[PDB]
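Take a look at this single chain in structure tokens; it is the form solved without this ligand.
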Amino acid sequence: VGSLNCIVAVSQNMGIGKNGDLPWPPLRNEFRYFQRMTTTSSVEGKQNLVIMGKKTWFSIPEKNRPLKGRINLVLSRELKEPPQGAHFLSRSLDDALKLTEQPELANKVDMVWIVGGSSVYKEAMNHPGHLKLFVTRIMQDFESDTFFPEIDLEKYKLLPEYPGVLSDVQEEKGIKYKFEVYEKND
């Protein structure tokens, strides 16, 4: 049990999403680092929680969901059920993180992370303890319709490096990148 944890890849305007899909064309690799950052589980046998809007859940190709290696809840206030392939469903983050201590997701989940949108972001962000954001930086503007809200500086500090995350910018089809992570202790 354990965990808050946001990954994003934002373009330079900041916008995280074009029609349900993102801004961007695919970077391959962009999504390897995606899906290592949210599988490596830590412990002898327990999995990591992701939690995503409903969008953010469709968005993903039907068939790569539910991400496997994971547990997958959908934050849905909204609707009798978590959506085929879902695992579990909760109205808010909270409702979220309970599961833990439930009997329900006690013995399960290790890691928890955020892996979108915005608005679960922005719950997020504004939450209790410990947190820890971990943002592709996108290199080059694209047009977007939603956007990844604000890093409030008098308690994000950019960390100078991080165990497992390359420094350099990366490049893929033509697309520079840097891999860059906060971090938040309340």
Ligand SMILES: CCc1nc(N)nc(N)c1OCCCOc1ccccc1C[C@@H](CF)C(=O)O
Second form
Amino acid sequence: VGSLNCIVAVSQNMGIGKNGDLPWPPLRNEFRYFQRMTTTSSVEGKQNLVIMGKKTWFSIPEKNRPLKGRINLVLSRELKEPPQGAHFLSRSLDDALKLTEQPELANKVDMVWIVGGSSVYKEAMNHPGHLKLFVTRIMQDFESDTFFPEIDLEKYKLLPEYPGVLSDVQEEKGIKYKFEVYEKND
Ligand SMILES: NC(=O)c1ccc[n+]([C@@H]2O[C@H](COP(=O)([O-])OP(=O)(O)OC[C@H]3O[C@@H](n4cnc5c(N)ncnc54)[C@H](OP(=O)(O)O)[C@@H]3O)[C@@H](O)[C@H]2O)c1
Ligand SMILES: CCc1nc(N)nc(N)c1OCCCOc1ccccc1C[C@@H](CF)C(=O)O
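Could I have the structure of this protein in the form deposited with this ligand bound, to go alongside the form solved without this ligand above?
Let us now look at the entire complex, which starts with that chain.
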């Protein structure tokens, strides 16, 4: 089981969601970036694992659940079984990560990607050990009802570049944004 990663897109006012959807209009290449980063496995024969909260799961259109080419795991304390289309369900991020050591997953999983929402990011960013945060900074304010927790700059370093990730300003639909990568290893 490989690295532990968070990936998020966040507006200038720290918003990540609004009424069960994204706060901004669809950004095709931000979506393509999300898909490629979470799907690409460095190891032949393995897939990455995506971990998400219950509301993030149901925010994906039904025709696109589960996220293709990745092993999907949902966090919830209320659901008694994985929702339809999913095969894994844990009560906490800690439980989910311990689950990746069991035989059914240990040999199938390469990278682990936390893909939201807010309380999943929060549990991960406080998780001890080696963590990377792939953060898209959308350079506008958008009305939001769900937010990304602030990064503790006493623990994380901002990398100037990351392999395979463009470091310059992007723009689609009139909206500028930038791909950032933070790292810690405590
Ligand atoms: N911009 C982005 O990068 C991005 C990413 C993801 C989602 N989104 C947006 O954000 C919204 C969804 O995120 P959200 O924060 O509202 O909800 P969420 O985190 O996806 O779902 C919340 C629920 O998931 C479970 N949960 C979450 N964190 C948990 C944890 N650490 N341990 C155990 N269970 C946990 C709980 O379910 P139970 O009550 O059943 O226990 C909780 O009520 C949508 O608007 C979506 O479009 C945006
Ligand atoms: C692209 C946003 C994003 N960007 C970064 N960088 N990190 C993230 N975690 C992230 O959320 C991914 C959440 C999964 O959403 C989907 C995956 C497949 C099909 C459709 C959706 C839902 C629509 C709108 F709800 C969407 O979200 O594109």
